[PDB]
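The chain below stands alone and is given as structure tokens, in the form deposited in one PDB entry.
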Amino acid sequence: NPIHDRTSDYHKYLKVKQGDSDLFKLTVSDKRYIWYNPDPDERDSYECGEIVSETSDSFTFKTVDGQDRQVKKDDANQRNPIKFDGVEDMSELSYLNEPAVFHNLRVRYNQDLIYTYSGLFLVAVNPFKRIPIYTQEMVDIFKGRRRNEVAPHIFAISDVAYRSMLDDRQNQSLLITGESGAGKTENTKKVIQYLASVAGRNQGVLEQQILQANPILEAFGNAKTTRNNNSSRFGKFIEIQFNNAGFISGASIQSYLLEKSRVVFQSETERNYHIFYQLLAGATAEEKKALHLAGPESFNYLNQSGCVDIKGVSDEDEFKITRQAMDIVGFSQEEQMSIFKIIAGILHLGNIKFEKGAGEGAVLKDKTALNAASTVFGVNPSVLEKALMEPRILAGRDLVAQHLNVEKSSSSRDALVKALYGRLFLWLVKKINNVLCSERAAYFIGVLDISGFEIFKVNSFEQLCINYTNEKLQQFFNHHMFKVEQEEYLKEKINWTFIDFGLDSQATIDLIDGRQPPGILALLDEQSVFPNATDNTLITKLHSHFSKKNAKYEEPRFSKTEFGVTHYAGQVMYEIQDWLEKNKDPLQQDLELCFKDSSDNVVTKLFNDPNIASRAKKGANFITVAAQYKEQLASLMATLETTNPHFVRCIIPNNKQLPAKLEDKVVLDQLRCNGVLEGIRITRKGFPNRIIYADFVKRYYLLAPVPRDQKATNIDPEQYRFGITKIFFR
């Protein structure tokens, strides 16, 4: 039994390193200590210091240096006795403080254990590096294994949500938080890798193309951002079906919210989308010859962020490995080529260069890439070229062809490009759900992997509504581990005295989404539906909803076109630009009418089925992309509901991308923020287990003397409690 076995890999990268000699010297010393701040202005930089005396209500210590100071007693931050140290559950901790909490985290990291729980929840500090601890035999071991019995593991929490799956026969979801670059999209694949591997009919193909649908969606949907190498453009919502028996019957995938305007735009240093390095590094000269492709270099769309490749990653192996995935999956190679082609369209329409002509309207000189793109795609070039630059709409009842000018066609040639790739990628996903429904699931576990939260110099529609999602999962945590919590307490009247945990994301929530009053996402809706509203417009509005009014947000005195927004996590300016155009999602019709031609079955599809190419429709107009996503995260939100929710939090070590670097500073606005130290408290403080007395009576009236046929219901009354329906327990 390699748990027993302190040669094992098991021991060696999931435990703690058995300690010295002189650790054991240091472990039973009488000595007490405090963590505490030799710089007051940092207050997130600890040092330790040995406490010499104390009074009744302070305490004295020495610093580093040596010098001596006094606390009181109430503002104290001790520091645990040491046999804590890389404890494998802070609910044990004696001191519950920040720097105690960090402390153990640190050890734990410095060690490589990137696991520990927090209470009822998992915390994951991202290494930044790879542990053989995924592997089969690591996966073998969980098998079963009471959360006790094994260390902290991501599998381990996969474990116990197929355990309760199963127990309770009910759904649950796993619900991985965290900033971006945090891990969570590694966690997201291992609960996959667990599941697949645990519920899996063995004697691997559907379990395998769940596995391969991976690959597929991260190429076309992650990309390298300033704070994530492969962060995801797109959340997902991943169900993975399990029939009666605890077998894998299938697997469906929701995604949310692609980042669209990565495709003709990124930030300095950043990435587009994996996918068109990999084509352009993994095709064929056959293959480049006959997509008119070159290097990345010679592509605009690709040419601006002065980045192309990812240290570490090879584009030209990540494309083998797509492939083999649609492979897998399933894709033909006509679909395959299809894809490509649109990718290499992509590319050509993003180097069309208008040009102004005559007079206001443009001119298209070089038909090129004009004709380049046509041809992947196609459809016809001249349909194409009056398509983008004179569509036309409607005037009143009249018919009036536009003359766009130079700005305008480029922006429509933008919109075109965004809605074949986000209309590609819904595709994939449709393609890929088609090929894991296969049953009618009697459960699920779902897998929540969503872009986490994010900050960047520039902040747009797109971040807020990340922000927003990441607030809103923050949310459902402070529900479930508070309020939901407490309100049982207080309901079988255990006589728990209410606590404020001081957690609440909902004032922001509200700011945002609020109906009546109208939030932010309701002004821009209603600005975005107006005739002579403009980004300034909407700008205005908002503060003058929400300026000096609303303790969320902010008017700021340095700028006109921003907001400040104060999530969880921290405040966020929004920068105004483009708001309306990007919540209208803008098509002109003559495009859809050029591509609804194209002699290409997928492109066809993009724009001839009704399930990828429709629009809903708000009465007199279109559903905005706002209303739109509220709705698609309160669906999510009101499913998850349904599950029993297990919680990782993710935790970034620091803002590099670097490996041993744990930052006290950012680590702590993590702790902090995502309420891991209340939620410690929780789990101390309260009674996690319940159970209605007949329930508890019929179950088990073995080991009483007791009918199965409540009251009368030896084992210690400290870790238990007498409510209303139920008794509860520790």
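By rigid core we mean the largest C-alpha set that fits within 1.5 Å across both forms. Numbering follows the first chain given and starts at 1. Compared with the form deposited in another entry:
- Of the residues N126, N214, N644, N459, exactly one exceeds or equals a 2 Å C-alpha shift between the two forms once the rigid core is aligned, and that residue is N459.
- For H567, a C-alpha deviation of 2 angstroms or more is recorded between the two forms after rigid-core alignment.
- In a rigid-core overlay of the protein, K685 has its C-alpha displaced by at least 2 Å between the two forms.
- In a rigid-core overlay of the protein, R557 has its C-alpha displaced by at least 2 Å between the two forms.
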Second form
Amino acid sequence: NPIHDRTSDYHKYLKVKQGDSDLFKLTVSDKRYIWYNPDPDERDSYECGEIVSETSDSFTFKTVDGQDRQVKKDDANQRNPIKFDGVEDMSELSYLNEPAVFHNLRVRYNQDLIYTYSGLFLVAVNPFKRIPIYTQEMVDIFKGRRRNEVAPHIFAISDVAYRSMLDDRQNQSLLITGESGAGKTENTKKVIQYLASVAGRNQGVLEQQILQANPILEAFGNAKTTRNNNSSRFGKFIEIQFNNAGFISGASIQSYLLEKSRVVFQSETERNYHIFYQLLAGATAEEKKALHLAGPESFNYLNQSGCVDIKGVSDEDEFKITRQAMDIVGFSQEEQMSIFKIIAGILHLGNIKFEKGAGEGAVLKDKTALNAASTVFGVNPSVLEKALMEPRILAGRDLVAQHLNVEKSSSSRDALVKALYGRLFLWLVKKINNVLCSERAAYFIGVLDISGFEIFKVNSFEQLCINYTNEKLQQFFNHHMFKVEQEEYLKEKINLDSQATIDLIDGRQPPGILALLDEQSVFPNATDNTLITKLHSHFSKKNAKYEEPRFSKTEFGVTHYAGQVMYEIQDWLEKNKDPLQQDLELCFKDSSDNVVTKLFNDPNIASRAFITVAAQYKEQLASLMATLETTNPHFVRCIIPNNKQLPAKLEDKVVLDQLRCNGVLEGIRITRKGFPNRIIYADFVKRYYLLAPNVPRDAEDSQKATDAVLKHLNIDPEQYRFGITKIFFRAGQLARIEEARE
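Please give the other form, namely the form deposited in another entry, since only the form deposited in one PDB entry has been shown so far.
Below: the lone chain, stripped of partners and molecules.
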């Protein structure tokens, strides 16, 4: 059994290597240490310090430097005894302090061990390199083991989900969140992998299509940013559908907040969506000519960032893969073509050059790209031309065609483009869903791949959505963790801020941000100023989660869970309306093209429902939360080790900052207050039997033994609770016990 075979790749890559002896003595030391801050300004940077002595209320220790120092016992960060370096769950630690949690992690990361439990969480640090732990071999080892049976691993947590579904006939959900670049999507993909393997019906297609869904999505929804070479520019929730028996029967997809802006603008050194690049790189010569195709350097929407390729990535090779998944999934050859055409047309539209002079109006001296795009799209260029610069507009009675300047003309085109893409994307999802989704499913396991809190330099409307979402999810956790912790105290017979923030945002009466925003969105002439004035009007000095800046006249601050956040209001009105000239709809509505027409002729795709972008999102979240609320949840927190996509570089500031945002640290804090340590009686005795002159290592009266020792040592009755099964210990208690003689 590779589980007990200490020479297996399982032991090799997932386990902390075991020696020939397990004897308590190995680990005996004379030393006691303290975690300290060599420099008080950097609070996240710590050194180990050897406690030298103690007074009644303080410790005194010995710095790295030789200097001596003094500490209040009640403020001190004691180091756990070395036996604890590497434990598979942070909860086994006795001293639960920040540095302490960091250290265990680190210790694991040093051995490439990237996964650790922290009570309910599975913590996962991105390694920045390939570890062969996701093999079929690996897969089959996880089938049916309990969480204590096996090493931490995304496979494990998913197996647990699966058995629970079967054994409780309850639906499940794994929540996978964290910063850009931390790993979410990888692991997300693993889960499906694993699932489709233990529970698929292979001697199969489904399974195939299901797997193939992602690639498709990623091509259209992922991009190369500064933070990651393959970032998901969208949120998503996967539902794996099963039948009563337990076999996979289908699935569905839900996307949230696609980054439409990226289509028409990419920050420096980043890239647009992959497709554009795959297309340019793998289209046949017959496809190129058919699509007026060229190099990226030739296309305004592609050539600006000054990045057109990813190191160690072949846009050409990726296209084949994509092309392949479209096949498996069920895209006709035509459909594929149309997709492309669109992708091309978009590019063309972006090349359209608007000059002036004549008046202030815009004109089209060159008509090239206009033609191309027109063609590809299957619409009347003149019509479109017109729709672009001479949109007719309602002056109420008067429908009168407005002639636009160059910027506004340029802007309309951009909107066009974003609509095109955003719809197309939806269209894909729906498409896929048609193929995979099962009306009649008995159970499911839902996977959420979404970012955690986003706090940049510049925080926009988009981030407000993400953080909102994040507050809702965080609170869900807290609720949950609370029941589940309360359940354990009974089974063993042993003895809020979120809402306010939530309210400020989404509240109806009184109204929160979203509400005020929405309100302003019926007024055509309202401006960002109008809006921000309204907000401060309502919350400044009146709401404690709100903050009116002392000088900025464009921002406000919301006090999130993760901490305070400054939002810039620039363009919220536009973002919330997500406008598009009717003439354009019309224009495109008469397309010759199959798909194209769909994107404008199907309400499901073409329209929000009159609905705001905010409102629509608010609804979307509501539902998600609702469904989640019906499942049993698993939480996975993904952690980026550093900022530079390196390996073997686990940065203290970077990691802790994450553990603070994502709740891992509070979980500890709160758990810390109780009886963090809860050992199985028999186990205690195994290690500790030699400390109290009495007892044998083995015993049927384990509870009696656990007692004799506790009695021996003369431990404070307050430091522990007798569980029916487990002995419940208070913080530091065990560490001391472990610090006793043989």
